[PDB]
Amino acid sequence: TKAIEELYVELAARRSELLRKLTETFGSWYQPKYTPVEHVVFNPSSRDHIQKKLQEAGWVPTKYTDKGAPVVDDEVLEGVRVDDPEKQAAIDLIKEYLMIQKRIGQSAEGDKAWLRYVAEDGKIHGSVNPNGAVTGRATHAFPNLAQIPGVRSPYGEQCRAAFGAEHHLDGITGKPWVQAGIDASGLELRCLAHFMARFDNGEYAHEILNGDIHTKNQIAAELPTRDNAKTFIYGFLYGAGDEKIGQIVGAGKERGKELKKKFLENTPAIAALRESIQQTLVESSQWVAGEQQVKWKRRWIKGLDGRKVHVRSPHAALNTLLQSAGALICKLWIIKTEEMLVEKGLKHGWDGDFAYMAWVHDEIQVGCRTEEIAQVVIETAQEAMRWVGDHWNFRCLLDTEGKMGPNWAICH
Amino acid sequence: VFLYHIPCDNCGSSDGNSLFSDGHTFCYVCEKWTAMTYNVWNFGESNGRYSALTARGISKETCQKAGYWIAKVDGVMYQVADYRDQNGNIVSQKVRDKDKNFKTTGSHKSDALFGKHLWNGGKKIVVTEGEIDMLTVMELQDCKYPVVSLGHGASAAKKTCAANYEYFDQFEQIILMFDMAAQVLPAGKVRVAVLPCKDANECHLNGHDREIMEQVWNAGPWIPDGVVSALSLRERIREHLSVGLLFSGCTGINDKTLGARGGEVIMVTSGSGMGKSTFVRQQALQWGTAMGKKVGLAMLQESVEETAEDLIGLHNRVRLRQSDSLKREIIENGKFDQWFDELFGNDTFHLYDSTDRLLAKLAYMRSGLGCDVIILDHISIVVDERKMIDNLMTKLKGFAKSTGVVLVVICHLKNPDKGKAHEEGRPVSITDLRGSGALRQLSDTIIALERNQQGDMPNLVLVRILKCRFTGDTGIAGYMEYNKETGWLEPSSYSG
Amino acid sequence: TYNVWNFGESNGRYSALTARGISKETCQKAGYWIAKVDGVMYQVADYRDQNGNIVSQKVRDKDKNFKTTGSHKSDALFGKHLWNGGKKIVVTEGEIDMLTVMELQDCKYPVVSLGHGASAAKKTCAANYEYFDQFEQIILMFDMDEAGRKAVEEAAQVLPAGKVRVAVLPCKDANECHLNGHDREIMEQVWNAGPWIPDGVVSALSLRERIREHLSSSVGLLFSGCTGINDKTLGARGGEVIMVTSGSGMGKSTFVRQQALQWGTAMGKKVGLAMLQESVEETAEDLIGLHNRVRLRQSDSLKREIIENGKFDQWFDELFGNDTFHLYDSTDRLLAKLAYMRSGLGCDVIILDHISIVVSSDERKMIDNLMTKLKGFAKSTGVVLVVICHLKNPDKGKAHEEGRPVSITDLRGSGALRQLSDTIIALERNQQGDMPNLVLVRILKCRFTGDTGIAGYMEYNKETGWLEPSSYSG
RNA sequence: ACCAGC
DNA sequence: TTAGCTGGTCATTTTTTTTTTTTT
Ligand SMILES: Cc1cn([C@H]2C[C@H](O)[C@@H](COP(=O)(O)OP(=O)(O)OP(=O)(O)O)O2)c(=O)[nH]c1=O
Ligand SMILES: Cc1cn([C@H]2C[C@H](O)[C@@H](COP(=O)(O)OP(=O)(O)OP(=O)(O)O)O2)c(=O)[nH]c1=O
Ligand SMILES: [Mg+2]
Ligand SMILES: [Mg+2]
Ligand SMILES: [Zn+2]
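Protein chains in written order, with the deposited numbering: chain H, 236 to 268, 326 to 704; chain A, 10 to 44, 64 to 208, 219 to 280, 285 to 396, 402 to 430, 437 to 549; chain B, 65 to 281, 284 to 396, 402 to 431, 436 to 549.
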């Protein structure tokens with residue numbers, strides 16, 4: 236509680252400086268209400341006043357998403373140039389003000405904020421819906437503990453340092469505890485190698501087991517960061533266009549075409565699997581110039597446990613075939629990783645040996661009393677993942693990776 | 010509260026419009042929202077506009093959520109604030125302008141607050157004394173935390189805060205921002231914080247607003263009254279360590299009295315007409331123009347001009363009021379102003395012209416003019438004759454306390470019954486102070502003059518210390534010889 | 065305000081109470097009904113006379129406000145008209161309690177209600193004394209609050225003795241115990257309650273543990291400077307007002323300050339001073355100089371010396387390291408500040424000084444009320460209270476400061492000072508005689524030991540300020 | 001429409 | 001002819017009993 240009130244009192248005196256310094260630059264004006329006028333001032337939170345002030349500052353947007361208005365986001369406020377050099381520095385302050393405003397709205401002043409869901413024992417109880425998505429993915433609400441900013445975002449480490457497991461002293465010794473976080477690396481990309489192994493005869497999952505896939509994908513695709521490469525591969529895989537994956541690298545549609553032609557001719561089994569799924573599900577698709585009329589044949593897909601997975605759109609069938617089969621192995625793994633610990637002779641709960649804290653879509657966060665218990669957990673997680681990979685007769689080899697720490701800033 | 014999304018109609022989007030439990034919809038794309065005087069002033073009649081304050085800085089949304097609107101009636105500008113109830117109706121109004129014309133219309137209750145018509149549940153609350161600081165805290169906190177303000181000021185906090193008890197009882201912690219004291223609230227709950235400026239508006243307009251928000255969430259305890267612990271005396275004693287005024291006329295007095303201090307009561311007594319005024323006048327003349335201290339006299343026996351003539355004739359070692367030719371000669375040759383200027387160029391002397404009206408004049412002389420030694424004479428006119442003199446001595450002891458002034462008081466003696474009189478050389482006792490018996494209880498130094506006008510030496514006097522708290526040395530100090538030609542009595546070396 | 069509201073003109077209707085648990089039969093029997101006027105449904109209670117004449121209405125709204133229809137009488141009781149006799153009545157505090165008791169008893173016992181509440185219950189119970197004479201037992205049923213205990217204590221004084229019995233409840237009153245299902249525990253409180261014992265008198269056998277507790281408590287604080295004083299005083303205990311007097315400027319404040327320093331630096335007792343003769347800085351410098359066996363204010367060169375070599379902090383930390391001392395900064404507010412000094416801080420010794428300014436109309440009634448308030452504050456607190464006073468003018472003879480032996484009837488202002496003070500200690504010395512540094516201690520009054528007279532002799536030191544136990548023989 | 005997550 | 005799956009946002013002057021401490 237104290238570490239987040241210190242952050243709130245830190246970044247509340249920042250946006251009160253970014254409004255006194257900014258309204259003297261971008262002055263007020265009259266707006267038409326005998327003609328009724330009003331003296332309205334510059335509101336940086338509204339996306340309409342900034343558009344009007346960038347019209348009269350000598351800037352052409354050259355991008356029109358709406359039929360009459362340009363788009364205003366983070367990627368158009370970086371490549372913007374005006375004649376007055378004060379506004380060029382003021383746009384960065386506007387972006388910082390919007391970031392601090394979102395930080396305030398998420399952290400403390402929100403209706404579903406952090407400080408309004410703290411119990412008397414200094415803990416947060418969040419609603420975790422096990423089946424909320426259409427692909428069997430669990431959701432989180434009241435509050436949402438799976439959408440806080442990461443370590444790459446500004447004011448990211450100072451927020452994840454407060455959501456720690458070392459803030460719970462033991463009731464018999466008065467000692468903090470140890471947090472272990474275990475993440476799977478390359479889940480859906482290995483499940484894709486499991487599905488299309490009957491087309492390319494299974495020589496695709498061997499390169500994935502041979503070192504890291506995202507690192508050599510970054511090397512072969514000359515992306516600057518690993519995160520941009522991981523974004524680009526799942527953008528290209530789940531049915532992109534010609535510009536939305538050229539937007540990841542920032543270039544035009546020619547680079548977006550040549551990267552698709554490059555990554556398509558490497559492994560010619562994605563299009564064959566897509567054609568097999570389209571031959572399985574749909575039979576006819578009439579085309580409309582403003583809509584689409586599709587006569588369905590089988591709306592549902594049999595999953596890994598016979599569950600009828602629903603399909604919303606026919607060109608997103610690979611999406612609902614991949615991520616719906618990827619959540620069930622994690623859902624069985626989180627069961628088996630405590631079914632082994634209970635049969636081993638441990639005790640679950642705050643008065644015992646370990647306690648589950650957070651389960652986002654990929655990684656788990658467990659908190660335990662001693663480091664030997666964390667060693668037992670990080671040893672048995674690989675055995676549980678191997679039993680998951682062996683129980684449904686997978687052609688691939690599943691693997692995870694765990695981290696040990698005091699809080700949830702190192703173990704991200 | 011948010012429920013789900015509906016397709017909009019204005020912008021025509023699919024997931025732009027959102028539906029709520031209250032029945033209203035809101036689109037994120039098209040930005041369309043659906044669904064005395066004794067007279068309360070109408071909003072639309074008096075040209076009500078929600079204009080944002082420019083000279084101090086308050087957004088429009090805070091004025092909309094608080095009800096602080098500007099009227100343009102009669103060609104002038106009024107700032108009407110509204111006080112409401114728990115039901116959600118306008119109870120009273122307050123009108124403020126450039127001349128601060130306090131025109132409080134409507135039924136203004138004795139427990140009127142501001143900002144209580146929206147807030148019933150919570151943990152913290154901030155109470156201020158004005159309205160601009162309250163709106164400033166709403167600006168800093170974006171109008172989402174419970175902050176109220178008094179509707180009558182910090183002068184009548186014993187009535188407004190006392191009448192509202194169950195409203196403040198619903199919360200956990202009450203934080204005050206009055207002055208940078220009301221104990222009607224329950225103890226163990228109220229915190230008081232201190233700002234480095236005058237109020238919150240100065241910290242807002244001078245960039246110290248962070249020091250507002252650091253004091254809200256980390257306010258300090260109550261600390262009721264002037265019960266001072268021993269830890270808070272580190273620098274006050276060191277300042278107090280960094285002085286006795288020397289008694290001129292005799293060196294035997296300062297060997298056992300060590301002068302006078304700040305807040306020191308000196309009492310001067312003798313028989314009927316044995317020369318108290320001459321001795322105190324000599325001490326005043328030797329302390330004023332020879333030591334650089336500002337001395338205020340309150341001689342009530344004579345007038346201002348007569349004691350001025352005394353002082354002038356004394357300092358020039360003559361007898362002015364004892365010869366008409368000496369008074370006539372000094373004005374015919376122009377030497378009168380030479381005695382005036384060299385004595386009154388520094389203006390260390392301040393005389394008084396003639402019972403609670405005296406204490407205000409002494410406070411105006413001490414605080415305003417900045418004097419150090421105040422002298423009072425002839426206490427008999429000022430003062437049942439037991440309660441009045443005790444109340445007078447108590448008020449003068451309270452005035453001399455915590456000020457740093459040397460208070461000299463001239464008193465009298467009572468009539469004896471048996472034995473010899475005081476004019477023949479009787480040794481005076483401590484219990485001869487007439488009027489009361491508390492005059493020797495609050496005085497810190499008591500000096501008595503003894504002489505025999507009918508004996509062998511009618512110009513030999515004796516000084517007797519009767520009470521001394523500082524050292525504890527009382528008795529005969531010495532002997533002094535009076536001059537019948539100059540007035541200046543000199544220290545002698547007479548032996549018994 | 066206007067008139068008695070008829071149910072026909074106000075759309076009266078008898079219904080049940082879901083939120084409180086009362087069916088429509090009880091409100092039909094009593095006459096507590098609901099009006100539909102001005103949109104908002106108003107609740108209203110009916111009052112009747114002995115014959116049955118409607119005389120008063122009680123109108124309450126949806127937001128807990130009160131509205132009287134006119135002249136509210138003092139003999140107005142809710143439920144008096146229905147019953148005209150019986151052997152056991154139950155008097156309820158509010159109006160829903162009487163309906164709750166009617167619900168849980170099927171309209172059998174004569175149960176009524178008040179018309180004023182807990183604020184003016186004594187007047188309406190004194191004005192209804194003739195109605196309670198025709199009854200045999202009265203069961204008072206009030207709230208489990210401090211105001212309810214005050215009402216059941218003070219309103220049971222104008223009632224006939226031997227017929228008043230008080231029941232207790234675990235809820236606020238009977239209605240939440242009806243809601244929480246405590247319908248069996250309330251009937252035993254109706255049938256078998258407790259009599260009118262806890263008024264304030266005690267039994268001779270109930271003190272047997274508590275007298276033991278006081279037997280296991284109450285040790286006197288030993289004085290310093292003389293061992294002959296403790297031989298006839300045996301210290302100072304809780305609830306002990308000790309009066310100190312002498313002549314004008316004979317050494318009251320010096321002895322009291324030395325006693326305070328010897329209780330502070332040697333016993334660890336938290337001492338609260340209220341010195342009104344001088345301010346905080348002078349007595350602080352006097353304590354600092356007296357602990358170091360010097361005269362601090364009586365040497366300007368020593369004050370200039372000790373501030374340069376930095377040994378002032380060496381004297382400050384050895385005294386105020388534990389914060390055992392708590393000073394006061396300069402009439403009824405002083406009692407509250409001393410109450411906060413005792414309770415909020417936790418001191419054991421409270422010292423005042425120079426009571427004559429505090430009593431500065437008729438001074439005798441003021442000083443008697445002040446001494447009564449200080450005796451009541453010392454009572455049931457367990458604190459030593461030292462009070463310093465002065466003397467009056469003798470008519471004939473020599474002066475008090477010249478070595479005259481002082482009597483007990485020389486305390487000025489009143490005679491009530493010696494009637495409540497426990498131990499009166501007078502100091503005697505002669506500053507104009509032979510030795511002005513030899514003092515005499517005279518015990519004038521002693522309630523506990525009873526040994527009065529000359530205690531001993533002490534010799535004052537003019538250099539160190541430490542008066543020592545001498546061995547002089549008179 | 002925007003922000004964050006995986 | 002389309003990267004997807006979640007959550008969260010702002011809005012209207014009269015008379016008589018008791019006590020004390022100075023002075024004529
Ligand atoms: C970032 C991202 C991930 N995903 C999928 C990929 C994964 O199956 C899952 C989480 O992705 P990640 O955990 O970020 O990636 P990873 O597990 O393959 O690698 P590592 O643990 O070494 O960092 O969600 C999307 O579907 N869309 C996305 O935008
Ligand atoms: C007992 C005694 C005290 N003194 C000095 C030291 C004391 O500080 C000084 C008197 O100061 P206090 O002790 O303050 O005198 P007091 O309290 O009796 O009365 P008050 O303050 O109302 O006048 O007398 C002696 O010189 N010889 C002595 O024998
Ligand atoms: Mg991962
Ligand atoms: Mg004293
Ligand atoms: Zn819309």
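Since the hints were derived computationally from the structure, they do not count as laboratory data.
Hints may be right or wrong, so weigh each one.
Derived DSS-like pairs (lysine-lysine); straight-line CA-CA distance at most 27 angstroms [said to hold, decoys possible]:
(1) A/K227 with B/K336
(2) A/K41 with H/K345
(3) B/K122 with A/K137
(4) B/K131 with B/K144
(5) A/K151 with B/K336
(6) A/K440 with H/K394
(7) A/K448 with B/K467
(8) B/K369 with A/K454
(9) H/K344 with A/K440
(10) H/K415 with A/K88
(11) B/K152 with B/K100
(12) A/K440 with H/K404
(13) A/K152 with H/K415
(14) H/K404 with A/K93
(15) A/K454 with A/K440
(16) H/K522 with H/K394
(17) A/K187 with B/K88
(18) B/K471 with A/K471
(19) B/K537 with A/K298
(20) A/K151 with B/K537
(21) A/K448 with B/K408
(22) H/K256 with A/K172
(23) A/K172 with H/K404
(24) A/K454 with B/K408
(25) A/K473 with B/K473
(26) A/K454 with H/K344
(27) A/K467 with B/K537
(28) B/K440 with A/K137
(29) A/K448 with B/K144
Short derived list, chain H residues pointing at chain A, Cβ under 10 angstroms [as the list claims (entries may be wrong)]:
(30) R250
(31) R255
(32) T354
(33) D358
(34) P362
(35) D366
Looking from chain A toward chain B, a few residues come up when the C-beta cut is under 7 angstroms (computed) [claimed, not checked]:
(36) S270
(37) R274
(38) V481
Note that CB positions come from ideal geometry on N, CA and C, so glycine has one too.
Report task. Please verify that hint: A/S270, Cβ, nearest Cβ of chain B, below 7 angstroms or not. Result -> Check failed: Cβ of A/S270 comes no nearer than 9 angstroms to chain B, outside 7 angstroms.
Query raised in the report: Is A/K448 close enough to B/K467, meaning Cα to Cα at most 27 angstroms?
Result: Judged against 27 angstroms, a Cα distance of about 21 angstroms means the pair holds.
Query - Restraint check, 10 angstroms cut-off on beta carbons, for H/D366 near chain A - result: This interface hint is violated because 18 angstroms lies over the 10 angstroms limit.
Query raised in the report: Within a Cα-Cα threshold of 27 angstroms, do H/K522 and H/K394 meet the stated pairing?
Result: 26 angstroms, holds
Requested in this report: Could you grab the alpha-carbon distance between A/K152 and H/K415 and see if it respects the 27 angstroms cut-off?
Outcome: 20 angstroms, holds
Query raised in the report: Does H/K344 pair with A/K440 here, judged by a C-alpha cut-off of 27 angstroms?
Result: 82 angstroms, violated
**Report entry** Proposed interface contact between H/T354 and chain A, which counts if any beta carbon pair is under 10 angstroms
**Finding:** Hint on H/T354: violated, closest Cβ of chain A at ~21 angstroms, above 10 angstroms.
**Report entry** Given hint H/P362 near chain A, where the shortest CB pair must fall under 10 angstroms
**Finding:** For H/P362, the interface hint is violated, since the closest Cβ of chain A sits about 14 angstroms away, which is over 10 angstroms.
Query raised in the report: Would the pair B/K152 and B/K100 pass a check requiring their Cα atoms to be no farther apart than 27 angstroms?
Result: With a Cα-Cα distance of about 38 angstroms, the restraint between B/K152 and B/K100 is violated, given a limit of 27 angstroms.
**Report entry** Agreement of A/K448 and B/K144 with the hint, judged by alpha carbon distance not exceeding 27 angstroms
**Finding:** 63 angstroms, violated
Query raised in the report: Between B/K440 and A/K137, is the straight-line Cα distance small enough, at 27 angstroms or below?
Result: 40 angstroms, violated
Query - Residue hint H/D358, partner chain A, criterion CB-CB below 10 angstroms - result: At about 8 angstroms, which falls below the 10 angstroms cut-off, the nearest Cβ of chain A leaves the hint on H/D358 intact, so it holds.
Of the hints listed earlier, those the structure fails to meet are numbers 5, 6, 9, 10, 11, 12, 17, 20, 26, 27, 28, 29, 32, 34, 35, 36 and 38, in rising order.
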